[PDB]
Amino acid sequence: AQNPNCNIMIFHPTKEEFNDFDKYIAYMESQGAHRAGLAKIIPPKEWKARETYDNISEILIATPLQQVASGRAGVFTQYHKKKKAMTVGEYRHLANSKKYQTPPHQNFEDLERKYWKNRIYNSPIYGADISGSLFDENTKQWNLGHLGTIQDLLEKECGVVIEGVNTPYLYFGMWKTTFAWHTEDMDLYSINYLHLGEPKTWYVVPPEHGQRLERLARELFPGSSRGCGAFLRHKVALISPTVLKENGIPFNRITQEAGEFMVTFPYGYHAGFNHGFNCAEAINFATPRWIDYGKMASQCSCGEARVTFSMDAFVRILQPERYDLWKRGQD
């Protein structure tokens, strides 16, 4: 069995290997990369996502989100307070202001210590989940807006024909902006490209041990657990590496830098934070190996998780017994 310790693997494809996306995902799996829940892919030196970023300040963040925390430093939840619209130029200036800028630090490890110590005492503002793409249309390799769609995958593997679309999303981050512990909708894969700016630190639990994390989360957030049998679908709970280690939960960590891709694998729980002003692009995708995970994915029916249009068909086809209850939570 490849990668039995479930380490995060890092890949350096050649320009030739970068042509066929699906093939390279299958390659990484042949080497055991999925067992970690997360892999890093460093593009060949000849590749570029786009010519320059010199023109991105005009993008609009229609609903910036202020991430307010409650709890203790290692075990907290965050809620998103909506703020007035602002341009990327406005947001970058805010990120770099004395109130929000990254503090002096020695190295990534020092900065990680400062994040876990102090996160809860601040409320950073995140421009998340913005439909759009920063890949040049002429970039043919690993262009996240030109992937094969999840609908097409389900049609090819299962023969059924469904509505729905699959487009990328932009994320504008600043110091301490935080992504809570989650798997993807329908336990899909994700791919994330860091276009520019400061790094993103990731934490991940191997898919084979996801239920260990869920059991700890039920213990640590007991009112939330009573409210919903899949409350991590709400994407609000944070648990630190120190707390994970105290409770024996297997995990790994890695820091993504600008120019790098990360792939999350089906049912790979992940969480993390941004080091300073940055911009990422991400999208969900499927492969044939995902279908079994889609069929078994948990679902929130309490009403909190509210998701895209396109998840309807996935539930309806893969989880018909759950469909009626889940759709009530949508409506």
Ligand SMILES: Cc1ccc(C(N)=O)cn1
The other form holds:
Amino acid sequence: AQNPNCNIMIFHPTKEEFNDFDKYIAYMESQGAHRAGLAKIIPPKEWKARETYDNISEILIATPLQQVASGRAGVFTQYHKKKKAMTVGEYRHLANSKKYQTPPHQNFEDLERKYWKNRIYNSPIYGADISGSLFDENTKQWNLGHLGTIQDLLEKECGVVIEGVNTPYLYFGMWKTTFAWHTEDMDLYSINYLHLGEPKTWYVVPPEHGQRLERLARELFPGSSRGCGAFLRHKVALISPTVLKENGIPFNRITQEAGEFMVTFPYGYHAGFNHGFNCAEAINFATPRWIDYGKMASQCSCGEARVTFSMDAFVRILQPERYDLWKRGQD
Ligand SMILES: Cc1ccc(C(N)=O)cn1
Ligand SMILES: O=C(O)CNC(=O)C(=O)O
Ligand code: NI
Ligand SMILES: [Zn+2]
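Right, the form deposited without this ligand is done, so what does the form deposited with this ligand bound look like?
Once more the chain from above appears, this time first in line as the rest of the complex follows.
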């Protein structure tokens, strides 16, 4: 078996290898990449996402989210307090202000130490889940707005015909902005391109060990667990690498820099944080190997987790028994 220790693999496709997205994902998996839950892909040197990022400042963040933490440094939840709209120009200025800017640090490891030591004592503002794309329309390779849709994958594999669409989202981050432990909706893949700015550090649990993380989460957040059998779907829980190590949870970490892609694989739990002002673009996608994961995916039915329009059809077709109770939570 390839990659039995479930290490995060890093790929360097040539421009020739970068033409066929599906084929390269399949290649990565032939090398065992999916066992880690996360892979890095460094684009060929000839490739560019867009010519320049001039005027990005005009983009509106309609609902910036202030990420307020509760708990202890290594085990906490965050809730999102909605703030007034601001442009990316205003957001960038805020990110770079004395109150919010990245502190002096020696290297990535020093900054990681500072993050887990001090995260809960601050409330950074995240510009998350903004529908849109920053890829040039003339970028033909790995353009996250030009991928085959999940609906077409389901149609090709299963012959089913469903409503729904599948578009990218933009994420504007600053120092300490955080994504909580989660898998994707319906345990889909995700792909994430860091367009510009400071790095993003990722933590990931191998899919074959995801239930170990769930078990620990139920122990660490017992009230949340009683409220919902799938509460990690709420995307509010953080657990530090130190606490994961103390509890024997297998995981890996890696830092993504501007110009790099990350792919998360079905049922690969991940969490992380931003180093400073940056902009990422991400979208969910599917492959034939995903279908079985979609069938098995656990759902939030307490009503907390956000349900996109398109997820309805996935649950309806892949999980018809769950559908009625699940939509009872959506509506
Ligand atoms: C605590 C918890 C959260 C989410 C899930 C899941 N399978 O989605 C399971 N257990
Ligand atoms: O970049 C972020 O803030 C969160 N991204 C993801 O969880 C992802 O790409 O799957
Ligand atoms: Ni994700
Ligand atoms: Zn729930």
